[PDB]
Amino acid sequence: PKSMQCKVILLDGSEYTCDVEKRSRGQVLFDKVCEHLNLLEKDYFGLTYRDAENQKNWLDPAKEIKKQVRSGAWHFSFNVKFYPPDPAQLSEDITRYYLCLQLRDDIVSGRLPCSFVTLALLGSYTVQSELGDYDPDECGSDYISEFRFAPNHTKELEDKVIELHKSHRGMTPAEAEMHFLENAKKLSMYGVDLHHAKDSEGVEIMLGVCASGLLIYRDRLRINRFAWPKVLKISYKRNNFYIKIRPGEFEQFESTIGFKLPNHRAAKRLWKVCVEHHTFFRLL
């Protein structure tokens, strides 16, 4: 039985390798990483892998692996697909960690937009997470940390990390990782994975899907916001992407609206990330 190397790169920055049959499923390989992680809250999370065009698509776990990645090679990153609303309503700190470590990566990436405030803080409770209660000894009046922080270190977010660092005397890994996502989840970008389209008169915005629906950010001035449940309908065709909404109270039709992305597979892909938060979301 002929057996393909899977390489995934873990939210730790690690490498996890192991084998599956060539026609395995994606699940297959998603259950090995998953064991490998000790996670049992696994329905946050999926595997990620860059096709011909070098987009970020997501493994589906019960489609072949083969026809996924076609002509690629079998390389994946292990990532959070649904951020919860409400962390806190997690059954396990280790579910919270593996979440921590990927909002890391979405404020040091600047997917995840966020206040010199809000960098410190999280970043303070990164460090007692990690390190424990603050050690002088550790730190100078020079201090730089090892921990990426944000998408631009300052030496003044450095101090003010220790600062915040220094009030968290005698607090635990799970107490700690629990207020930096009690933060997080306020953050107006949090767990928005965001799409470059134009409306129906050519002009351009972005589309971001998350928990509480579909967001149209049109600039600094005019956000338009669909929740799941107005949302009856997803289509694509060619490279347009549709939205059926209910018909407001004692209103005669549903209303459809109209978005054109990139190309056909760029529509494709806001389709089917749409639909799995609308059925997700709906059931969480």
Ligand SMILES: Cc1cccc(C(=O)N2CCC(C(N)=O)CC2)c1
The other form holds:
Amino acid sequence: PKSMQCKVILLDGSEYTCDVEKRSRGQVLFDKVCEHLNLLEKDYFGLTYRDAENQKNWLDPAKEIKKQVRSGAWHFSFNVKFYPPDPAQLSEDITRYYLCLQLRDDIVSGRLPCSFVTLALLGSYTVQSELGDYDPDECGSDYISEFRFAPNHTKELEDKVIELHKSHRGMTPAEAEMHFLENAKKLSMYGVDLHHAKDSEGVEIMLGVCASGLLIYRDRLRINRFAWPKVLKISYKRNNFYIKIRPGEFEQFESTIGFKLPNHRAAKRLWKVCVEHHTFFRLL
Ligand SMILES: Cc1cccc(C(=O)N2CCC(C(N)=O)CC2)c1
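Given the form solved without the named molecule above, produce the structure of the same protein in the form deposited with the named molecule bound.
Every chain and every other molecule in the complex is listed next, the one we just looked at coming first.
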């Protein structure tokens, strides 16, 4: 039985290596990673890989790994797939812990924009969780933390993290992680997966997929929001993605909004993440 080596980047930035039979479905690898991580609440997570176009794709647990990675290396990342709207309702601390690690990367990467004060508050909870109570021995007026807190670090941000860290004396890692999540979950881009698209008039927009529904960012003056209930059906054809929207009660007919994606694979990728989000958040 011939086995392929798999390399998985974990949320702490470490590499897990294992082997699976070469015809294995994604679920086989995912189960091995989750066992390694002592993760039971697996439903919120998945593995990503990079395609021949270098785009992030979700490894489908139901399909053979080889028919997805195709010509590419068997190299993956472990990621949050479905961001829980209320992390306090997760049953395990270790689940909240992996969600915190994901969000810290979302923030440092700039996928999850954040005000100065929220960057410093989130940072202060991370330090409390990672190091425990504030110690002036480690920290002088010139302190810079090893922790990455933001897409651009300043001395003022490092100072504010320490100031808030001082206020958290006696907080346990689980408690600090829960506070981190209570703040992160409120950010306007929390758990929003963004896709580049053009509207029916060729104007560049972003589509966001999240728990509550589909967002159309036409600009900061005009964001349209379609709660999952308002979304009749989803479809792709060629480079196009279509959303059918319920009529207002007493209008007779649904509306169709069409979008032009960069290529056929980007349209199919958007369709599949929408279907998965609608199913997941239909059942939550
Ligand atoms: C489709 C739809 C319907 C209602 C609200 C939104 C919205 O604005 N989101 C989702 C929630 C998110 C958050 N931080 O909870 C802020 C962005 C989207």
